[PDB]
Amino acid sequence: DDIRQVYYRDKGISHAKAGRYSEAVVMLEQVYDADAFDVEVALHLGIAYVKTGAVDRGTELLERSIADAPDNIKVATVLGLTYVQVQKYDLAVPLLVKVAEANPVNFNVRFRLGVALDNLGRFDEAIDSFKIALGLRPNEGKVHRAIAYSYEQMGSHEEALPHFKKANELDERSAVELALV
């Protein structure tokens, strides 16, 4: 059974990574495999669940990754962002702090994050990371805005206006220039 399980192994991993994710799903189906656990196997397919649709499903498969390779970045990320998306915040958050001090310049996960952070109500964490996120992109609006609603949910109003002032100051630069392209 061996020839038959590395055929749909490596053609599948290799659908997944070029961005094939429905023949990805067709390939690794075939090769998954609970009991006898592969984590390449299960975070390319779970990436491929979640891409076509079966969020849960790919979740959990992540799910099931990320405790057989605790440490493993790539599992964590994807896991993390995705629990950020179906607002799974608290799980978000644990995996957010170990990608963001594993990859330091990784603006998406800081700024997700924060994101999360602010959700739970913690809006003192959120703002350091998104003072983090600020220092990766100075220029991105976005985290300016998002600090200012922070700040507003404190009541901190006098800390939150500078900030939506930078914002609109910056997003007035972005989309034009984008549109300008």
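Positions refer to the first chain, counted from 1. First, how it differs from the form deposited in another entry.
- Treating the motion between the two forms as two rigid parts, with each C-alpha given to the better-fitting one, puts residue 104 and residue 20 in two different parts.
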Given for the second form:
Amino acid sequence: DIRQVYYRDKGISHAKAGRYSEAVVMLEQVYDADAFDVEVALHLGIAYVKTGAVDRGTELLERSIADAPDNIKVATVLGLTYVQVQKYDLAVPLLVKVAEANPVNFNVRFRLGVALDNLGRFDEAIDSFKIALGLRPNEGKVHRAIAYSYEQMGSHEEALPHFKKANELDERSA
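The form deposited in another entry is what I need now, so please give it after the form deposited in one PDB entry.
Coming up is the bare chain, nothing alongside it.
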């Protein structure tokens, strides 16, 4: 049975190390939908999404949240994954949940702002962006996002400073 142990232990290790193609090749052989292992599904799911099997990976991630609906780690990948695929609606609750549990995770907060902006919730997106800026004040992309949000509400007077600040911090990357 160490035949399966190789593929599962190793495949996860590939998945964690960004070696996504090799993670698919192995974990494909270990995942069993009727004998569910969350740590396998999670990584095989990440690795399907990375290698362009988005629908397949998404559903595997959805099944993993089902097996453990309060596991923050799966909620993070799932939440992030939905944003990439432009399933913004489905992203928000998960990202809100994760940001609450994980206040120092910048990308989660930033993508939650992104998901919100896309949903037309401009003022909500700006609130989230500002929380993200609080974590990483040197991050010019966030001042730009805030600026676009304002712009989409016609508040050009409020956008301009944020655009200027964005420009300056891309200078600060010298």
